[PDB]
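The complex appears here without one of its protein chains, the remainder shown in place.
Labels for the chains are A and B, by order of writing; each one numbers its residues from 1.
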Amino acid sequence: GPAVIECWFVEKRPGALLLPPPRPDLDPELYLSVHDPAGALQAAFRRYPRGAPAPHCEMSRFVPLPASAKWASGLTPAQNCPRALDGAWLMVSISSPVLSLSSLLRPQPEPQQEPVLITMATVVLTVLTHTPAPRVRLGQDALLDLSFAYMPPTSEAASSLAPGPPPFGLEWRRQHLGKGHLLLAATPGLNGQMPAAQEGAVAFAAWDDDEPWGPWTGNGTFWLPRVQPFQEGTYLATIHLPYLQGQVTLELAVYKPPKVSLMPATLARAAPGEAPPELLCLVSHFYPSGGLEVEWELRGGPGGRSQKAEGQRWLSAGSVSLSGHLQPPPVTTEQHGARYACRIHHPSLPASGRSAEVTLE
Amino acid sequence: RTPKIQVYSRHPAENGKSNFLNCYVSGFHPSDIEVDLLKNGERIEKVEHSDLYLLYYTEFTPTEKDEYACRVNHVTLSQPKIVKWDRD
Partner (left out) sequence: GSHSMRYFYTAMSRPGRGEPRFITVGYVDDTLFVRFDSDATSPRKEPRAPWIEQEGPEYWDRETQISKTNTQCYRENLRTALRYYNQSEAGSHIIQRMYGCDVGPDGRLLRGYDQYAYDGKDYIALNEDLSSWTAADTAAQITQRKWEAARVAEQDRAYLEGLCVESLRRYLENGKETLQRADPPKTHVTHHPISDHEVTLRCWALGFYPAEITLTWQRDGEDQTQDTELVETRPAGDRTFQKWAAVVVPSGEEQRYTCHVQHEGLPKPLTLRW
(Lines give C-alpha, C1' and ligand atoms only; values in the text may rest on other atoms or scores of the structure.)
Protein backbone atom coordinates (compact mmCIF):
# COMPACT_ATOMS: atom_id res chain seq x y z
CA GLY A 1 0.00 0.00 0.00
CA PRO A 2 0.90 3.69 0.10
CA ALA A 3 3.60 4.74 2.54
CA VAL A 4 1.45 7.28 4.42
CA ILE A 5 -2.33 7.30 4.80
CA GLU A 6 -3.68 10.83 5.11
CA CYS A 7 -6.97 11.12 6.93
CA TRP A 8 -9.59 13.41 8.44
CA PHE A 9 -10.78 13.68 12.03
CA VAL A 10 -14.19 14.62 13.43
CA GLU A 11 -16.23 13.24 16.33
CA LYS A 12 -12.55 18.75 10.24
CA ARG A 13 -8.98 18.09 11.39
CA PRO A 14 -6.26 16.71 9.09
CA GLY A 15 -3.98 13.89 10.16
CA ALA A 16 -2.01 10.91 8.94
CA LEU A 17 -1.18 7.29 9.73
CA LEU A 18 2.22 5.68 9.14
CA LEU A 19 2.32 1.92 8.59
CA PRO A 20 9.89 10.35 8.67
CA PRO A 21 9.31 13.60 6.76
CA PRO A 22 8.78 16.74 8.87
CA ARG A 23 5.17 17.66 9.69
CA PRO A 24 5.23 20.63 12.07
CA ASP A 25 1.73 22.03 11.54
CA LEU A 26 -0.27 18.81 11.91
CA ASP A 27 -1.13 18.26 15.56
CA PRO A 28 1.48 15.98 17.19
CA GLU A 29 -1.49 14.13 18.73
CA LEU A 30 -3.11 13.63 15.30
CA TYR A 31 -0.14 12.19 13.35
CA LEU A 32 0.13 8.52 14.32
CA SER A 33 2.87 5.95 13.76
CA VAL A 34 1.14 2.59 14.05
CA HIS A 35 2.64 -0.31 16.01
CA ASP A 36 1.55 -3.80 14.97
CA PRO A 37 2.29 -6.85 17.14
CA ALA A 38 0.15 -9.14 14.97
CA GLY A 39 1.33 -7.74 11.64
CA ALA A 40 -2.30 -7.72 10.48
CA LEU A 41 -2.41 -4.02 9.57
CA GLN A 42 1.26 -3.99 8.52
CA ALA A 43 1.33 -7.14 6.37
CA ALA A 44 -2.20 -6.34 5.12
CA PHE A 45 -1.27 -2.91 3.79
CA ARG A 46 1.81 -4.69 2.44
CA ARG A 47 -0.44 -6.96 0.36
CA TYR A 48 -2.22 -3.80 -0.82
CA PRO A 49 -2.09 -2.01 -4.19
CA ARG A 50 0.75 0.40 -3.45
CA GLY A 51 0.38 3.70 -5.29
CA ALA A 52 -3.41 3.52 -5.52
CA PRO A 53 -5.31 6.84 -5.28
CA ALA A 54 -6.30 8.19 -1.89
CA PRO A 55 -8.99 5.91 -0.37
CA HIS A 56 -11.65 7.08 2.10
CA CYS A 57 -10.18 7.39 5.60
CA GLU A 58 -11.81 8.69 8.78
CA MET A 59 -10.62 8.83 12.39
CA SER A 60 -12.54 9.23 15.65
CA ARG A 61 -12.52 8.19 19.31
CA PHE A 62 -14.34 5.40 21.13
CA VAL A 63 -15.24 4.02 24.56
CA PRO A 64 -15.72 0.26 25.15
CA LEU A 65 -19.49 0.00 24.81
CA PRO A 66 -20.81 -3.55 25.36
CA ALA A 67 -23.11 -5.11 22.79
CA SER A 68 -26.75 -4.28 23.50
CA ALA A 69 -27.79 -7.81 22.46
CA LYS A 70 -29.02 -9.86 25.41
CA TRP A 71 -27.51 -13.04 23.96
CA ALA A 72 -24.12 -11.32 24.24
CA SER A 73 -24.53 -11.84 28.00
CA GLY A 74 -21.84 -14.48 28.45
CA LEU A 75 -18.93 -12.66 26.87
CA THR A 76 -19.53 -9.98 29.54
CA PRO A 77 -20.64 -11.77 32.73
CA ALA A 78 -19.62 -8.71 34.75
CA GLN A 79 -20.27 -4.99 34.19
CA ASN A 80 -16.74 -3.82 35.04
CA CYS A 81 -14.25 -2.38 32.56
CA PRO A 82 -10.80 -4.02 32.46
CA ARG A 83 -7.85 -2.18 33.96
CA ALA A 84 -5.56 -2.58 30.92
CA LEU A 85 -8.14 -0.80 28.70
CA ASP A 86 -7.65 2.68 30.16
CA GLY A 87 -6.30 5.82 28.54
CA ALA A 88 -7.37 6.91 25.06
CA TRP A 89 -9.18 4.88 22.41
CA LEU A 90 -9.05 5.65 18.69
CA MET A 91 -11.12 4.10 15.89
CA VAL A 92 -10.00 4.42 12.27
CA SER A 93 -12.24 3.40 9.36
CA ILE A 94 -10.93 3.15 5.79
CA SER A 95 -12.80 2.14 2.64
CA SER A 96 -11.47 1.32 -0.83
CA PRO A 97 -12.41 -0.89 -3.82
CA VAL A 98 -9.85 -3.46 -2.62
CA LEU A 99 -10.04 -3.69 1.17
CA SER A 100 -12.02 -2.15 4.04
CA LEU A 101 -10.42 -1.57 7.44
CA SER A 102 -11.61 -0.83 10.98
CA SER A 103 -8.92 -0.48 13.64
CA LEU A 104 -8.69 0.36 17.34
CA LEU A 105 -5.66 2.05 18.90
CA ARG A 106 -4.37 3.28 22.26
CA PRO A 107 -1.68 5.98 21.91
CA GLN A 108 0.25 7.91 24.57
CA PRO A 109 -0.34 11.15 26.51
CA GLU A 110 2.84 13.00 25.54
CA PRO A 111 3.60 13.38 21.80
CA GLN A 112 7.20 14.25 22.73
CA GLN A 113 9.68 12.28 20.62
CA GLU A 114 13.42 12.93 20.73
CA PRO A 115 14.27 11.95 17.11
CA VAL A 116 11.45 13.51 15.07
CA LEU A 117 8.22 14.97 16.44
CA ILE A 118 5.78 12.09 15.86
CA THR A 119 3.47 9.86 17.91
CA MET A 120 3.38 6.11 18.56
CA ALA A 121 0.16 4.08 18.79
CA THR A 122 -0.69 0.36 18.91
CA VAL A 123 -3.49 -1.70 17.36
CA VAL A 124 -5.63 -3.75 19.73
CA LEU A 125 -8.37 -4.65 17.20
CA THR A 126 -7.92 -5.02 13.45
CA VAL A 127 -10.69 -5.74 10.95
CA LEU A 128 -9.89 -6.02 7.24
CA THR A 129 -11.99 -7.32 4.36
CA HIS A 130 -10.73 -8.00 0.83
CA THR A 131 -14.20 -8.36 -0.76
CA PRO A 132 -15.66 -4.83 -0.68
CA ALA A 133 -17.91 -5.40 -3.72
CA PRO A 134 -18.65 -8.98 -4.85
CA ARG A 135 -20.80 -9.79 -7.89
CA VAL A 136 -22.23 -13.31 -7.70
CA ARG A 137 -24.24 -14.99 -10.46
CA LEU A 138 -27.98 -15.61 -10.09
CA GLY A 139 -28.61 -19.03 -8.57
CA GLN A 140 -25.32 -19.75 -6.79
CA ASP A 141 -24.05 -19.45 -3.23
CA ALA A 142 -22.06 -16.40 -2.11
CA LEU A 143 -18.76 -16.31 -0.22
CA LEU A 144 -17.47 -13.19 1.54
CA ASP A 145 -14.08 -12.39 3.06
CA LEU A 146 -13.53 -10.87 6.50
CA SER A 147 -10.38 -11.17 8.63
CA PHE A 148 -9.68 -9.76 12.09
CA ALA A 149 -6.97 -9.65 14.73
CA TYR A 150 -7.06 -9.20 18.52
CA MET A 151 -3.86 -8.64 20.49
CA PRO A 152 -4.20 -9.53 24.19
CA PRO A 153 -3.58 -6.78 26.75
CA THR A 154 0.21 -6.76 27.01
CA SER A 155 0.30 -6.47 30.83
CA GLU A 156 -2.67 -8.45 32.17
CA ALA A 157 -1.39 -12.00 32.60
CA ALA A 158 -0.67 -12.42 36.32
CA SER A 159 -4.38 -12.53 37.24
CA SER A 160 -6.11 -14.40 34.41
CA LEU A 161 -6.65 -17.95 35.67
CA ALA A 162 -7.95 -18.79 32.16
CA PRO A 163 -5.16 -17.74 29.76
CA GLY A 164 -5.17 -18.09 25.99
CA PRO A 165 -7.28 -16.45 23.28
CA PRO A 166 -10.78 -15.65 24.56
CA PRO A 167 -13.91 -16.15 22.43
CA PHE A 168 -15.30 -13.58 19.99
CA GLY A 169 -18.45 -12.78 18.04
CA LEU A 170 -19.33 -12.27 14.38
CA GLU A 171 -22.50 -10.49 13.25
CA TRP A 172 -23.68 -9.85 9.68
CA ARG A 173 -26.75 -7.61 9.24
CA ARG A 174 -28.05 -7.72 5.70
CA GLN A 175 -30.28 -7.01 2.73
CA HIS A 176 -33.87 -5.91 2.02
CA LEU A 177 -33.34 -2.39 0.73
CA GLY A 178 -36.05 -0.13 2.08
CA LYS A 179 -35.80 -1.99 5.41
CA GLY A 180 -33.25 -3.89 7.48
CA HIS A 181 -32.76 -7.12 9.43
CA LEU A 182 -30.10 -9.47 10.82
CA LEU A 183 -28.81 -12.65 9.18
CA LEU A 184 -25.85 -13.90 11.24
CA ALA A 185 -24.94 -13.38 14.89
CA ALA A 186 -22.77 -16.02 16.56
CA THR A 187 -20.00 -16.04 19.18
CA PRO A 188 -18.22 -19.39 18.70
CA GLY A 189 -16.55 -20.84 21.77
CA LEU A 190 -19.22 -20.05 24.38
CA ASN A 191 -21.92 -22.32 25.76
CA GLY A 192 -24.62 -19.74 25.18
CA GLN A 193 -27.92 -19.56 23.34
CA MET A 194 -27.39 -18.49 19.72
CA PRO A 195 -30.13 -16.85 17.61
CA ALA A 196 -31.90 -18.52 14.69
CA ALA A 197 -30.67 -18.71 11.09
CA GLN A 198 -32.50 -16.64 8.48
CA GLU A 199 -32.36 -18.18 4.98
CA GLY A 200 -29.79 -20.63 6.38
CA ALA A 201 -26.50 -18.74 6.04
CA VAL A 202 -23.38 -19.39 8.12
CA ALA A 203 -19.76 -18.23 8.37
CA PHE A 204 -16.38 -19.87 8.93
CA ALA A 205 -15.17 -17.82 11.91
CA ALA A 206 -12.36 -19.02 14.18
CA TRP A 207 -8.65 -18.52 14.86
CA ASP A 208 -5.88 -19.49 12.47
CA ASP A 209 -3.94 -21.17 15.29
CA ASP A 210 -3.91 -21.39 19.09
CA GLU A 211 -0.67 -19.80 20.32
CA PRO A 212 -1.37 -18.84 23.95
CA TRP A 213 0.47 -15.58 24.63
CA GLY A 214 1.43 -14.06 21.27
CA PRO A 215 -0.81 -12.11 18.91
CA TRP A 216 -3.90 -13.65 17.35
CA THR A 217 -5.38 -13.43 13.85
CA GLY A 218 -8.80 -14.84 13.02
CA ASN A 219 -10.86 -15.74 9.98
CA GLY A 220 -14.51 -14.79 9.60
CA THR A 221 -15.61 -15.53 6.04
CA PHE A 222 -19.37 -15.27 5.50
CA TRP A 223 -21.35 -17.72 3.37
CA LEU A 224 -24.89 -17.24 2.05
CA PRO A 225 -26.75 -20.01 0.18
CA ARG A 226 -28.48 -19.51 -3.17
CA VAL A 227 -28.91 -15.75 -3.51
CA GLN A 228 -31.64 -13.84 -5.34
CA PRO A 229 -31.68 -10.19 -6.51
CA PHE A 230 -34.19 -9.41 -3.75
CA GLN A 231 -31.17 -9.45 -1.40
CA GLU A 232 -29.02 -7.07 -3.49
CA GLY A 233 -27.65 -3.87 -2.00
CA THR A 234 -25.69 -3.37 1.21
CA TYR A 235 -24.77 -5.19 4.41
CA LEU A 236 -22.64 -4.67 7.51
CA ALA A 237 -20.18 -7.06 9.16
CA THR A 238 -19.14 -6.60 12.79
CA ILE A 239 -16.66 -8.44 15.02
CA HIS A 240 -17.23 -8.40 18.78
CA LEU A 241 -15.10 -8.89 21.89
CA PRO A 242 -15.64 -8.16 25.59
CA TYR A 243 -16.65 -4.47 25.68
CA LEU A 244 -15.25 -4.08 22.14
CA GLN A 245 -16.84 -4.04 18.70
CA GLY A 246 -15.70 -3.15 15.19
CA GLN A 247 -17.82 -2.89 12.04
CA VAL A 248 -17.24 -2.59 8.29
CA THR A 249 -19.52 -2.14 5.27
CA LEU A 250 -19.94 -4.27 2.15
CA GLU A 251 -21.94 -3.79 -1.05
CA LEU A 252 -23.29 -6.19 -3.67
CA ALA A 253 -24.87 -5.76 -7.11
CA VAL A 254 -26.03 -8.05 -9.92
CA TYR A 255 -25.69 -7.77 -13.70
CA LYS A 256 -28.33 -8.27 -16.43
CA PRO A 257 -27.74 -7.03 -20.00
CA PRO A 258 -30.47 -5.50 -22.20
CA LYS A 259 -31.78 -6.43 -25.64
CA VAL A 260 -33.00 -4.42 -28.61
CA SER A 261 -36.26 -3.82 -30.49
CA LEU A 262 -36.65 -1.69 -33.62
CA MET A 263 -39.92 -1.54 -35.54
CA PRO A 264 -40.72 -1.38 -38.39
CA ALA A 265 -37.92 -3.89 -38.97
CA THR A 266 -38.62 -4.89 -42.59
CA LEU A 267 -41.19 -3.34 -44.93
CA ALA A 268 -42.16 -3.04 -48.59
CA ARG A 269 -41.78 -0.22 -51.10
CA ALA A 270 -42.61 3.46 -50.58
CA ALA A 271 -43.21 5.33 -53.87
CA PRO A 272 -40.66 8.05 -54.72
CA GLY A 273 -41.72 11.48 -53.54
CA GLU A 274 -43.39 10.21 -50.36
CA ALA A 275 -42.54 10.47 -46.68
CA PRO A 276 -42.04 6.97 -45.19
CA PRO A 277 -44.36 5.96 -42.32
CA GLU A 278 -43.98 6.73 -38.62
CA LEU A 279 -40.84 4.91 -37.46
CA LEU A 280 -40.15 4.06 -33.83
CA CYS A 281 -37.30 3.31 -31.43
CA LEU A 282 -37.69 1.63 -28.03
CA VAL A 283 -35.44 0.33 -25.26
CA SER A 284 -36.05 -2.20 -22.49
CA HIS A 285 -34.45 -1.18 -19.19
CA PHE A 286 -32.71 2.15 -18.63
CA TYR A 287 -33.21 4.30 -15.55
CA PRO A 288 -33.71 6.99 -14.41
CA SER A 289 -34.25 9.88 -16.84
CA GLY A 290 -31.36 12.34 -16.36
CA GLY A 291 -28.87 13.13 -19.09
CA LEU A 292 -30.68 11.14 -21.78
CA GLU A 293 -29.66 12.07 -25.34
CA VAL A 294 -31.73 11.31 -28.45
CA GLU A 295 -30.41 11.43 -32.02
CA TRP A 296 -32.19 10.85 -35.34
CA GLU A 297 -30.08 10.31 -38.45
CA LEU A 298 -30.66 9.63 -42.14
CA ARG A 299 -28.35 6.79 -43.23
CA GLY A 300 -28.65 6.23 -46.97
CA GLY A 301 -27.29 9.30 -48.71
CA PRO A 302 -24.57 11.96 -48.56
CA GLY A 303 -23.22 13.43 -45.35
CA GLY A 304 -21.76 10.60 -43.29
CA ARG A 305 -23.29 9.11 -40.15
CA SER A 306 -23.73 12.39 -38.24
CA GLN A 307 -26.31 14.65 -39.91
CA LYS A 308 -29.14 16.65 -38.39
CA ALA A 309 -31.88 14.61 -40.03
CA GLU A 310 -34.64 16.25 -42.04
CA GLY A 311 -38.28 15.71 -41.14
CA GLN A 312 -39.93 15.61 -37.74
CA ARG A 313 -38.72 13.74 -34.65
CA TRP A 314 -40.15 12.78 -31.27
CA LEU A 315 -38.35 12.32 -27.94
CA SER A 316 -39.68 12.22 -24.37
CA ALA A 317 -38.72 11.31 -20.80
CA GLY A 318 -40.93 4.72 -11.93
CA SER A 319 -38.65 5.11 -14.94
CA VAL A 320 -38.86 5.11 -18.73
CA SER A 321 -39.06 2.45 -21.42
CA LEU A 322 -38.75 5.29 -23.91
CA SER A 323 -40.56 5.30 -27.25
CA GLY A 324 -38.89 7.69 -29.67
CA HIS A 325 -40.79 8.42 -32.87
CA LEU A 326 -39.82 9.80 -36.27
CA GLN A 327 -41.68 11.12 -39.31
CA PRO A 328 -39.10 11.36 -42.13
CA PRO A 329 -39.60 13.73 -45.07
CA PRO A 330 -40.16 12.85 -48.74
CA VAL A 331 -37.33 11.11 -50.56
CA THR A 332 -35.00 12.40 -53.28
CA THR A 333 -33.09 10.87 -56.21
CA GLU A 334 -30.36 9.79 -53.77
CA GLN A 335 -32.07 7.76 -51.00
CA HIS A 336 -33.42 4.73 -52.84
CA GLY A 337 -33.63 1.89 -50.34
CA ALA A 338 -32.18 4.21 -47.70
CA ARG A 339 -32.32 3.67 -43.94
CA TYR A 340 -33.00 5.69 -40.81
CA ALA A 341 -31.23 5.34 -37.47
CA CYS A 342 -31.99 6.34 -33.89
CA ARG A 343 -29.40 6.70 -31.13
CA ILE A 344 -30.13 6.81 -27.38
CA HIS A 345 -27.43 7.85 -24.90
CA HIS A 346 -28.08 6.86 -21.27
CA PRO A 347 -25.58 6.70 -18.38
CA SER A 348 -26.37 3.04 -17.64
CA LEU A 349 -25.61 2.02 -21.24
CA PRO A 350 -22.18 2.26 -22.88
CA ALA A 351 -21.02 5.60 -24.25
CA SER A 352 -22.70 4.57 -27.51
CA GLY A 353 -25.96 3.94 -25.63
CA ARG A 354 -28.18 1.98 -28.01
CA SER A 355 -28.78 2.22 -31.76
CA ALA A 356 -31.73 1.03 -33.81
CA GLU A 357 -32.39 1.08 -37.55
CA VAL A 358 -35.33 0.99 -39.95
CA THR A 359 -35.09 0.11 -43.64
CA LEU A 360 -36.83 2.21 -46.31
CA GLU A 361 -37.45 2.05 -50.06
CA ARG B 1 -35.18 12.19 -7.28
CA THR B 2 -35.26 13.67 -10.75
CA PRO B 3 -38.73 14.08 -12.29
CA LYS B 4 -39.96 12.07 -15.25
CA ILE B 5 -41.24 14.57 -17.82
CA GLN B 6 -43.18 13.34 -20.87
CA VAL B 7 -44.55 16.07 -23.16
CA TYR B 8 -47.34 14.57 -25.25
CA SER B 9 -50.79 15.38 -26.67
CA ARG B 10 -54.36 14.18 -26.17
CA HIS B 11 -55.05 13.26 -29.81
CA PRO B 12 -52.80 12.73 -32.86
CA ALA B 13 -51.72 16.25 -33.79
CA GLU B 14 -52.51 17.78 -37.19
CA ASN B 15 -51.48 21.01 -38.90
CA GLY B 16 -54.14 23.73 -38.92
CA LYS B 17 -56.35 22.41 -36.11
CA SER B 18 -56.20 22.63 -32.31
CA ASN B 19 -55.08 20.05 -29.77
CA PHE B 20 -53.83 19.57 -26.21
CA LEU B 21 -50.24 19.93 -25.02
CA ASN B 22 -49.65 17.96 -21.82
CA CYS B 23 -46.42 17.98 -19.81
CA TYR B 24 -46.66 15.01 -17.44
CA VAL B 25 -44.13 15.41 -14.61
CA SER B 26 -43.91 12.80 -11.88
CA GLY B 27 -41.80 11.01 -9.30
CA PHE B 28 -39.99 13.51 -7.05
CA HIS B 29 -40.17 15.72 -3.96
CA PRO B 30 -41.30 18.32 -3.00
CA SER B 31 -44.81 19.02 -4.29
CA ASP B 32 -44.07 22.59 -5.41
CA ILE B 33 -42.02 22.67 -8.62
CA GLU B 34 -41.53 25.47 -11.14
CA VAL B 35 -43.20 23.94 -14.21
CA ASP B 36 -43.75 26.48 -16.99
CA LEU B 37 -44.18 26.42 -20.77
CA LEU B 38 -42.40 28.19 -23.63
CA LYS B 39 -43.67 29.27 -27.04
CA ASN B 40 -40.75 30.14 -29.34
CA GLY B 41 -38.67 30.49 -26.17
CA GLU B 42 -41.14 32.89 -24.54
CA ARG B 43 -42.80 31.99 -21.22
CA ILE B 44 -46.46 31.39 -22.06
CA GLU B 45 -49.36 31.90 -19.71
CA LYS B 46 -52.05 29.22 -19.18
CA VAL B 47 -50.42 26.13 -17.58
CA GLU B 48 -52.58 23.79 -15.49
CA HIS B 49 -51.62 21.54 -12.60
CA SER B 50 -53.51 18.65 -11.03
CA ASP B 51 -55.52 18.63 -7.82
CA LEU B 52 -54.40 17.08 -4.52
CA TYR B 53 -46.03 14.91 -9.46
CA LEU B 54 -48.94 14.57 -11.89
CA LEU B 55 -50.06 15.98 -15.23
CA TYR B 56 -49.79 19.61 -16.33
CA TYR B 57 -51.70 20.58 -19.44
CA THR B 58 -52.92 23.31 -21.78
CA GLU B 59 -54.46 23.74 -25.23
CA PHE B 60 -52.93 25.15 -28.40
CA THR B 61 -53.16 25.20 -32.20
CA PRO B 62 -50.09 23.43 -33.65
CA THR B 63 -48.71 24.97 -36.83
CA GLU B 64 -45.62 24.64 -39.04
CA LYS B 65 -42.87 27.00 -37.83
CA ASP B 66 -44.14 27.72 -34.31
CA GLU B 67 -42.39 25.82 -31.52
CA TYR B 68 -43.46 24.92 -27.97
CA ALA B 69 -41.53 23.50 -25.03
CA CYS B 70 -41.94 22.52 -21.37
CA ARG B 71 -39.62 24.17 -18.84
CA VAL B 72 -39.10 22.29 -15.57
CA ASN B 73 -37.26 23.63 -12.51
CA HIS B 74 -36.89 21.25 -9.56
CA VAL B 75 -34.48 21.75 -6.67
CA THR B 76 -32.32 18.86 -7.91
CA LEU B 77 -31.97 20.66 -11.26
CA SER B 78 -29.06 23.08 -10.89
CA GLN B 79 -30.46 24.69 -14.06
CA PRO B 80 -33.91 24.25 -15.64
CA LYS B 81 -34.67 21.52 -18.17
CA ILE B 82 -36.31 22.27 -21.53
CA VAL B 83 -38.28 19.34 -22.96
CA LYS B 84 -38.92 19.87 -26.66
CA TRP B 85 -42.22 19.78 -28.52
CA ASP B 86 -43.09 16.30 -29.78
CA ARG B 87 -46.01 15.29 -32.02
CA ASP B 88 -45.57 11.72 -33.34
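Heads up, the rule we're going with is that contacts are C-beta pairs under 8 Å (C-beta built on N, C-alpha and C of every residue); 3 or more make two chains touch, one makes a residue touch a chain.
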item	value
Residue of A:247, A:355 or A:359 touching the missing chain in the full complex	A:247
Hidden partner chain, touching residue among A:154, A:307, A:319 or A:332	A:319
Candidate in contact with the missing chain, chosen from A:73, A:154 or A:284	A:284
Subunit B residues touching the omitted chain (full complex)	1, 26-32, 52-53, 75-76, 78
Chain not shown, touching residues in subunit A	8, 10-12, 56, 58, 60, 65, 68-69, 93, 95, 173, 176-182, 229-230, 233-234, 236, 247, 249, 256-259, 261, 263-265, 278, 280, 282-288, 318-319, 321, 323, 325
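Here, only the chains that are shown with their structure count from here on.
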item	value
Chain centre separation (subunit A, subunit B; CA means) in Å	40
Interfacial residue positions of subunit A with respect to subunit B in the complex	278, 288-290, 312-320, 325-327
Residues of subunit B that touch subunit A when the two form their complex	2-8, 26-27, 83-84, 86-88
